[PDB]
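Next up is a structure, given as structure tokens.
A single protein chain has been omitted; all remaining protein chains appear in their positions.
As written, the chain order gives the labels A, B and C, with residue 1 at the start of each chain.
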Amino acid sequence: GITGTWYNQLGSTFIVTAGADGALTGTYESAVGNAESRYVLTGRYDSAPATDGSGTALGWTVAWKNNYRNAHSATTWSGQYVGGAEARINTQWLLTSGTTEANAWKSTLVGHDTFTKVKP
Amino acid sequence: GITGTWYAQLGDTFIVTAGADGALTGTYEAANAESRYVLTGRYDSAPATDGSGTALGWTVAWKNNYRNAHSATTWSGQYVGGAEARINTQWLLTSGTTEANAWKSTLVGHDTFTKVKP
Amino acid sequence: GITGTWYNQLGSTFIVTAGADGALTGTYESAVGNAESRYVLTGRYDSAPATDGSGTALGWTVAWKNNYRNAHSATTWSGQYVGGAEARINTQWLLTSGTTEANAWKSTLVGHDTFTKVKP
Partner (left out) sequence: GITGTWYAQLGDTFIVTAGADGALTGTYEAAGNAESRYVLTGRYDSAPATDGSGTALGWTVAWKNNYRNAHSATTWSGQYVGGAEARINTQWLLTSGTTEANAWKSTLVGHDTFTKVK
């Protein structure tokens, strides 16, 4: 039930396909949705989750380069998918920017996004 | 110079292919086939040319043909080239949990990789 | 506006006093609030925040030892206070357990708590 279009609290969108082999592929974009704001995503998920009501673990990465813009950074999301009527993906993320060695200490931001299949 | 074999302080190994397009693809070895896992990620395939590192990230879901930990790790970091190339990362390891345990679902840490085995 | 009794989304309670010198002192407890579940906190906050509508930075620590229990761990919350008739403290936290060197890699949990002055 991971496959589909998800929306987070910031208005960002990501469309993902979950493969039988554990692959996650798709696109991550802004609320705008313009070509300039769409980025490739790739990740993995647990294709054989526990049958005890636990969430499904997964992660993905977006490097913030496309054919229009380059922010010289990449975000990874790590979290879990919870299925059902109100399916959700709860994540924490790390956004690392390319930096000089001198600035490396301030290279990585941390936050949390929750995605639903519904747009507020 | 990202493509190749990388070793962490713990002795984890991963071998990765960096596609011209920004793709990272390879395997992560937790130390044997039993301990080999698929990894995929992304990197900046056009980094700044000012001495800045190259941003990247990847994910491993800890399931293979032998074991399933019902968890996934993502590493976020940057590649620094040179005579002593390195990948400096921080990571998030999320386990699949019940809702009641979701507060303790995620570990955080850091890994530095080099192309030299210790 | 930081001084007072706050509740997060787990039901945990923390009572804090914010001193003029930037000190945070008080107690962190469970929803029940019995003696066995109360722990000392101490932290710091920006006693002269920006006057541009920005939050107030702060942080605090609880070591999970009191005179009843000892978890051999400590949590730090890093976040900001946002004033309002609906004031809130948005935080991320790190919970580190004492470990052997072998297990140090899995010593630290990360998460996020939001506190309000109303029970959930």
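Just so we're on the same page, a residue touches a chain if its C-beta (ideal position, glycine included) is under 8 Å from a C-beta of that chain, and two chains touch if they have at least 3 such contacts.
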Among listed residues A:10, A:31, A:35 or A:48, the absent chain is touched only by A:10
Under the stated touch rule, tell me which residues of subunit C contact the chain that is not displayed. 21-24, 40-50, 52-65, 70, 72-80, 82, 90-101, 104, 107-108
Contacts of subunit A with the absent chain, listed as residue ranges: 10, 94-95, 105-111
Where does subunit B touch the missing chain, residue by residue? 90, 108-110
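The rule we apply is simple: only the chains that are shown with their structure count from here on.
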Using mean CA coordinates as chain centres, what's the subunit A-subunit C distance in Å? 28
In angstrom, rounded to a whole number, how far apart do the mean CA points of subunit B and subunit C lie? 31
By the touch definition above, subunit A meets two or more other chains at residues 92
Which subunit B residues reach two or more other chains? 92-93, 106
